[PDB]
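The form deposited without its partner chain is given below as one chain in structure tokens.
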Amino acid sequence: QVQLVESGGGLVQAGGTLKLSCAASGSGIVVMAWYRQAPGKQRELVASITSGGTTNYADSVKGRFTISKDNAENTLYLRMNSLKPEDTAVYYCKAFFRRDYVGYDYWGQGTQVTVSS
């Protein structure tokens, strides 16, 4: 959480695949998630994964995108299949944790995903 660095974005053809990576600086973690923000739009939830492994997806990305966490690597992933122009946005990862019973959010810098039609 302290530092989250994203990579894996790019410019891809409709129907294409990308894999976003959210590298944590190191290892109270409760949930990690992916969000996206399209031009002039509000930031929306894409997918979440609890420390226990419970996944949740936004209806717009169900089946096409998969969230996973590799604790050995301290990396959160978003595998994106069957990409559509509507998926164009800056994608952000988030880590939520508790320190001395107080909840905190730490966000990544974002990675651009552009899907051309």
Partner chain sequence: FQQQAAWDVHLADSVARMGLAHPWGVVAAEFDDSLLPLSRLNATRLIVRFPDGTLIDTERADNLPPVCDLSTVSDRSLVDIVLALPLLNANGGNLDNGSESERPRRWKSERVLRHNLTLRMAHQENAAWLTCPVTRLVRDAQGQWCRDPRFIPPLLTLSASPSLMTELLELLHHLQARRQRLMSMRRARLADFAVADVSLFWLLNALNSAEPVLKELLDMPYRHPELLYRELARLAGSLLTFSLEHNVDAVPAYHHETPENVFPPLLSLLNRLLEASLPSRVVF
Contents of the next structure:
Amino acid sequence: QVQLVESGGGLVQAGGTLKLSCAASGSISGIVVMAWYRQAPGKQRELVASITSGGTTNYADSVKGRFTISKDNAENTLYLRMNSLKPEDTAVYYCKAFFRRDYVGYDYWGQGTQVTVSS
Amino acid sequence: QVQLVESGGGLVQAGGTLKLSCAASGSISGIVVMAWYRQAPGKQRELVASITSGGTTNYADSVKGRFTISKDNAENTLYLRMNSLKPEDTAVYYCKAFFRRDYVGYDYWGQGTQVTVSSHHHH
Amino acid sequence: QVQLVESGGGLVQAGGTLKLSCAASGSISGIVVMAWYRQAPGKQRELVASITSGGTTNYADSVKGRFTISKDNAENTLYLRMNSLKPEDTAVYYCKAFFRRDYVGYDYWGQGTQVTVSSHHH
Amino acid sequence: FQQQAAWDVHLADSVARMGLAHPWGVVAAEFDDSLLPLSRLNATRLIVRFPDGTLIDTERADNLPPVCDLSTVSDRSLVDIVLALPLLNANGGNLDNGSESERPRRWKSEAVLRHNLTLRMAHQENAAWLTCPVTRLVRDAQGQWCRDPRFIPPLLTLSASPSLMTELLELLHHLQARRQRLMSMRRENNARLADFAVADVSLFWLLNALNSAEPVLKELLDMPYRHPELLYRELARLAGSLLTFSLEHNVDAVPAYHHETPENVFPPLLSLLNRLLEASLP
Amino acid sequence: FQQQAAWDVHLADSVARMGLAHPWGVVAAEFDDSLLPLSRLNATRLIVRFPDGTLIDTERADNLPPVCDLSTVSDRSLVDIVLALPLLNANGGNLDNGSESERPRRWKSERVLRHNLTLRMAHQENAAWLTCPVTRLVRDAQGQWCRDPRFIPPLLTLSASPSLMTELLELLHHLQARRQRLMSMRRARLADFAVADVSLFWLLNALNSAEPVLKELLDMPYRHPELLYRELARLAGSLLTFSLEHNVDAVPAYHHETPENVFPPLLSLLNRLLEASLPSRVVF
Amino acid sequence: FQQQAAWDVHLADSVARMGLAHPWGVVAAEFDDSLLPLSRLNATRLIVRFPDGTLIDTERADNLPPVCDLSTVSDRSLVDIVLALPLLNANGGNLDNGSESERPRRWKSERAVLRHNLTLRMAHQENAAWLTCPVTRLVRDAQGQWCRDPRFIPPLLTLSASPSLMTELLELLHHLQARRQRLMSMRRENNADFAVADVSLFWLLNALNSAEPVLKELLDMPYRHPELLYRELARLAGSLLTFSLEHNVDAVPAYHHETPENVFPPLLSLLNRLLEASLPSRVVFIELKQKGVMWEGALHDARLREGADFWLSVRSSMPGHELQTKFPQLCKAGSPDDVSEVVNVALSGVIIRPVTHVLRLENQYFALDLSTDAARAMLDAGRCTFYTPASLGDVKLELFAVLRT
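Please supply the coordinates for the form solved in complex with its partner chain, as a counterpart to the form deposited without its partner chain shown previously.
Full assembly next; the chain just shown is listed first.
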């Protein structure tokens, strides 16, 4: 089992920056991949960026070239540096953990953090 | 397999008594618990009383304090002594047998016996 | 796996004859029973005749007494001699092979061969 | 519906094949010997597992196969009865829908599926079926069909053959007796916790063969409902250990495991073992 | 729905019964000892297979049974806890609806089917349930309930009993020590035998045959202990041949339901047989 | 739909795990070697069982994984190919739909029915999001071309999955059969006769006779899990290591299911070595009693009747080189049926010939060449006499025999 807590959300103007944090605790040794998801008002929860335990990053086409997913293994914290923010980036951001307790996978989620981008 | 036959049913006045009998035959060795059920007109079959093979009795709240379930192991007969009868006790009474054979349970039933309790004011 | 190729189909006058051939190749030693099926336009594929590897024949009631299923084991060829042909025999004829591998059965089919029987209404 | 059932049989088979070479055979095959004078055979109880993994149980899920008519084998003196179950077709339809087929289909509709179990004979074309020997009928002096007493079907359980069972209880009784007589022999020779006899050397070493096997064979026989491949391995291991000190019988005397024909494996192996037990210590 | 689960379990059981005599027992049974002074028992983890072949797993599919109230056994000094699962009825309804029954029903409905798992005691009438021992609570000098450390349930895996694992790791170390010493005790790049060698080479064959086999059974201890018993009994049998005063009747019979009378006596017997190796050190 | 499949795989796995520690591995893994110069690897047949209980069969229900592009490993000389199957998610969605995931999903939709997402991956990649099974190792040529390592063996579900192992196993059984009959022939023909002298002949025959029927049945039907074969192979190695001084008990490899190359090849060659080393003492020492100028030796031993070659150990005050020219001419053996202090007529069929070797530095060894009638008269009368004259000096004689077979 893994426990996740997001922080760092807020209101920013277009072109601004935010750094979201996700504190991970529990059986962290079983984490295969960590990700950031986002849910817009009428839209469904979409994948933003992911990082494997080996450090391989992947980004959605909409955030590629602007966002940076990173992991602090010492502090067991997942980060999302969101630069060049656009109002379309307004959503509730969730951090996810894909965990393995052999030989089965399990999904763990955070509560969510609101990110508002004004013009 | 177990074969059950009920007798002792009838017409009685309110406050009266009846003793229902249920003759059991077959693979009697596997009987875990025996019970009495009743089905009133229109209503579904309800549990009245039960007795485990070890003799532990249990009664529905409606019959508790009035009825007595007992077993004659020698004659392989289940009894139901129904005292302080009330017209609400009018129904078809069925005896049941819960049998266990190699980690599987099986339910066996009797044909049914009619019990009619009439009113206290000569009707 | 088994491969089947039908030949011998064509247009025949009512009362005529045709001999269909079905060349079998592959794991032929695994064939349990061979059959001839037919599919008329719009209608479903029906069994015509069958022959077990031991030579036991069976025919649909419609073709019994007129058709003959036979096997040339040397040439690994299944035949269907169709005599006293009727316009109702018009259909696409398929040869089938019921094959066996490891306690499981498998069906193998041919591409199909058209048989048309023309009528003298009278 | 029927799609899950094919997959559930394959799963069963694939797991069983990790620890068993032949996970198929008879668990129970009982018949009605009465009306054999009228040339008709009927099964009363059948628990049989097919080489594909299908378990047939007439006590739980399956219905008894129709009567076996022996009028067709009036010209025969021996008839090998098999329980037949159509093959499953990976490509085809395994249900009887009333449309003709060149082969038998595994299921009939009764709505739920019921296996098309049939009693057939070994002299028939049975490749369109999964087959399992279930009896052998032989003729007596009067020329009457009667079940061959010497018959053993392929076994899934030791308990499927009550004759082989009592023949094994007898082997264990013999082994334990030859072991106890060997316990007395060591005690018979004067002992002060030291051995000075060479005669005792062969004897002490023969006691190692018997004491190693006894607990192992005792547990296999206390619960005899496992596959006889287990029993064979330990029976053959013992025969091998006893063949060390003998020349009446060569090492080739230990029969190989023929699942399909247990008559050529368990009776010869038990015979060999009993001969070796009597021969080592007369 | 429930129809597929029924007799699907029979198919898996019938396959297990081809290689094993008793394919049922405990895989894991963990408890919260903290509420024992408050006369309350709770399970934390339960992976148990019942004799009908039903597997219950609280880590995945199943929900832990409700708390065991020990208020009812205040007059007792020993209480044998069992995990109970109601029998499956071929004729009846196994779903726990509103209506009352004389017997418990296998399933309850939840916002899908959920097994009706409860903790009961061996002194209760449990014939309406499938049962499997899960602990034994005994009282101390203070008179408070405490799990009996000597308790071993019917086992599906060796790993289900960490005490047996300890007792086995210890036996394997004793066997390795006695083998290494006795292998050094054999004598120019060749050897000529004696009377003393006869016994030594019997013991050496017994120990060298068993060691690799018992080592692999203990490296991966997640198989059914019938495998371990067979190989443990095979060794005990071989070792009590050159020991007079000892019959082959010393080797306990395999009894699934009561492993306390099979594995502790057998490991003890083996440890005693291992110490009983004397090479006549004072013979000049 | 997909919910039922998962639990029934778990049910079968839980049952397999009652008898086997590792119920997973390869049954069949075949490849198209033709496209390897074009840096492309394709599987032709795959029957693989994953550690979670999932059986993959390319011949039945599954589709072959897409081609493995070796352009990505141009910088490598060794590449370990594994068959990958996405991990089943207890909480998540195991079916490839529109939405993107951070992890691979177990199934794709086809026609509509579920199809497993099988792919070929390499051991140097991050594969924890997948269930993996080794399926080949590609190694490079002197030319630098990719080619499947012939020494490779994957984790086995069946013995039959490795034809090389199958061959070495058939070879081991033939070697065992040969060594068992040879040892069964050299057994003391009493009435069966065993004594304190030959513990090696007994325990080596008990070892071989116990194992032979057991290993033959495991090899007649080689489609069971190798854990069965290992247990019985290791049991034999252990029994055979009792009479070994060149090999220690640590020589028996532990069972590593994932790497069978470090378990079955070492165990089979250890067993082969132990089987060649299985030769008990074939030397019989004949005591020579000296009654002046005569030497008497008793030939009562039952093993000498079977067939044996004799040798003479001679130590004398006479110089070494001068003893070889004089002893065959001076020393004449005596008639076994006759009793005297001097032999005037040497036996017909006995010829003492000096040899290099059959330990004593100053001793001179000679072969005792005997005929059909000469060896017959000696064994029938159960005696052999030797006359050494006073001219040989302070002469000492010792008789040794080497049993044939």
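Residues that one form lacks are left out of the comparison. Residue numbers count along the first chain shown, from 1. Superpose the two forms; the largest set of C-alphas matching within 1.5 Å is the rigid core.
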Looking only at residues in both forms, which consecutive runs of at least three have C-alphas displaced 2 Å or more between the two forms after fitting the rigid core?
-> 25-27
